[PDB]
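Q: So the chains spell out like this:
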Amino acid sequence: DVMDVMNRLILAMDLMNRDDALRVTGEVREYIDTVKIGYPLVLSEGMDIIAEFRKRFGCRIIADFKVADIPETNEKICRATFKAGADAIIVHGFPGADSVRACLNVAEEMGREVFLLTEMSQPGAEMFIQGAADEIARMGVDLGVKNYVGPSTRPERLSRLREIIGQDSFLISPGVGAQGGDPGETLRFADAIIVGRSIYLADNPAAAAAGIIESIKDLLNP
Amino acid sequence: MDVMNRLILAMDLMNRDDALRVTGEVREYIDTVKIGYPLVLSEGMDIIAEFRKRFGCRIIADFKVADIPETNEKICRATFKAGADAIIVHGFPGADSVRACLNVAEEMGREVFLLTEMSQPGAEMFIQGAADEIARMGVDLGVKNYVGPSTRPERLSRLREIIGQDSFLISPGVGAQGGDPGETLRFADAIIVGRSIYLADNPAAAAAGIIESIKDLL
Ligand SMILES: O=c1cc(O)n([C@@H]2O[C@H](COP(=O)(O)O)[C@@H](O)[C@H]2O)c(=O)[nH]1
Ligand SMILES: O=c1cc(O)n([C@@H]2O[C@H](COP(=O)(O)O)[C@@H](O)[C@H]2O)c(=O)[nH]1
Ligand SMILES: [Cl-]
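Residue numbers (the authors' numbering), protein chains in the order written: chain A, 7 to 228; chain B, 9 to 226.
Do not take every clue at face value.
[To be verified] No farther apart than 25 Å at their CA atoms in a straight line, the calculated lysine to any residue pairs in the SDA-like style are these:
| hint | chain 1 | residue 1 | chain 2 | residue 2 |
| --- | --- | --- | --- | --- |
| 1 | A | 89 | B | 57 |
| 2 | B | 152 | A | 129 |
| 3 | B | 89 | A | 54 |
| 4 | A | 89 | B | 23 |
| 5 | A | 89 | B | 24 |
| 6 | A | 152 | A | 191 |
| 7 | A | 89 | B | 54 |
| 8 | A | 61 | A | 89 |
| 9 | B | 89 | A | 207 |
| 10 | B | 152 | A | 133 |
| 11 | A | 89 | B | 61 |
| 12 | B | 89 | A | 58 |
| 13 | B | 89 | B | 78 |
| 14 | A | 89 | B | 220 |
| 15 | B | 61 | A | 54 |
| 16 | A | 89 | B | 26 |
| 17 | B | 89 | A | 191 |
| 18 | A | 89 | B | 28 |
Everything labelled a hint here was simulated from the structure, so no lab data went into it.
Required output: the full structure, derived from the provided sequences and hints.
A: Okay, structure coming up:
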């Protein structure tokens with residue numbers, strides 16, 4: 007029982023104006039039913055952008071808010087985000103168990119889902135996050151987290167994350183394309199890949215998405 | 009940065025009418041408001057300009073920025089476009105992610121505050137062990153503004169030691185989370201206070217009371 011992500015491909019819609027974001031998302035609609043909306047778009051166009059995407063595309067919405075505050079503020083953020091119509095929210099694990107639990111409690115109450123971000127894809131992740139990541143992931147499992155985010159750019163780390171969370175957990179992975187991660191290699195471990203710039207900055211986003219999907223065709227579910 | 013009464017209001021009410029009313033009630037006591045995601049996600053980024061129009065306060069956007077460098081740049085740009093004077097950024101994601109924020113702040117005439125250790129009990133699990141190194145990274149990157157926890161004065165003092173007396177340090181966890189205003193101001197330039205003021209029966213009296221308790225420190 008996990009979200010059914012069409013073509014194992016999630017669009018990271020980080021364009022910052024409504025017109026372009028709507029155009030590109032519409033162009034790739036036949037390939038992707040799950041869109042990750044983050045703060046670049048939300049802070050530029052408002053939380054109503056979630057409403058507009060639901061109206062226009064009917065896509066599933068993951069709010070990539072990397073929630074990273076104290077328990078009381080995390081609760082408020084999750085409440086506001088689910089109220090606006092997000093299906094799921096992404097939460098940092100590094101602030102600790104209480105901060106994560108606050109998000110899980112709201113998701114449970116409100117009938118939505120939390121994704122736990124355990125390690126990140128940027129080079130700077132090696133400084134502090136990488137050393138804590140196995141324990142952050144183990145903490146997530148202990149807390150009952152079922153959905154996780156881990157980095158395409160570090161296949162050995164993504165593999166270990168998959169081991170810790172088990173085969174039944176749901177794992178999505180960014181860093182594919184622009185940051186250097188390979189779609190097929192990433193799907194060895196992740197249930198779905200997240201792709202932003204490779205698609206949304208392409209002259210033909212639909213062709214870019216179709217091309218990624220063609221490259222992973224033998225990895226799709228019947 | 010010159011914060012009136014060394015007191016920053018954490019305005020985490022989630023509706024515009026209450027947030028504006030309560031801020032107005034305490035306006036004589038403050039000139040600096042921290043606005044975070046509870047208010048922004050409920051009422052929109054336009055709330056920042058509205059606070060400036062009504063109160064002419066400085067605005068710190070407490071967005072705990074914690075993404076990759078490319079996304080951090082976008083978040084900072086959108087935030088400063090909305091009129092924030094400063095933004096709070098996590099150090100835990102590493103130097104590149106912090107640098108991305110420093111760059112946009114310089115471009116738009118704003119400040120970055122580096123959050124190095126957090127105030128909640130869970131901060132002990134992963135953040136605390138990294139916090140001194142995160143602070144040293146801030147120093148190496150030229151960060152001048154920092155955030156550290158009222159709930160652990162010995163850790164707040166250590167942060168002040170690392171960054172030096174010339175850096176600017178603000179500190180949440182005062183009141184509701186158990187931190188003491190006067191003790192916190194031994195180390196921090198200003199205290200951040202949310203619930204003790206905004207959930208008080210009488211927010212103005214609450215703010216006035218806090219200020220009375222630290223009057224010899226002003
Ligand atoms: O470790 C992580 C976690 C993320 O959410 N992301 C997010 O995934 C997306 C990556 O987009 P892109 O394909 O353009 O690199 C961005 O929205 C980014 O904020 C990431 O790149 N690395
Ligand atoms: O370590 C930290 C960092 C924060 O920004 N904060 C923020 O400071 C404020 C504290 O509010 P309060 O006084 O109601 O506890 C909240 O907005 C919270 O998100 C915190 O409590 N601890
Ligand atoms: Cl690796």
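Q: All the hints need checking, so say for each whether the structure fits it.
A: For each hint, the structure was consulted:
no.	hint	in the structure
1	A:89 with B:57	24 Å, holds
2	B:152 with A:129	24 Å, holds
3	B:89 with A:54	19 Å, holds
4	A:89 with B:23	13 Å, holds
5	A:89 with B:24	16 Å, holds
6	A:152 with A:191	22 Å, holds
7	A:89 with B:54	19 Å, holds
8	A:61 with A:89	16 Å, holds
9	B:89 with A:207	23 Å, holds
10	B:152 with A:133	21 Å, holds
11	A:89 with B:61	28 Å, violated
12	B:89 with A:58	22 Å, holds
13	B:89 with B:78	17 Å, holds
14	A:89 with B:220	40 Å, violated
15	B:61 with A:54	24 Å, holds
16	A:89 with B:26	19 Å, holds
17	B:89 with A:191	39 Å, violated
18	A:89 with B:28	22 Å, holds
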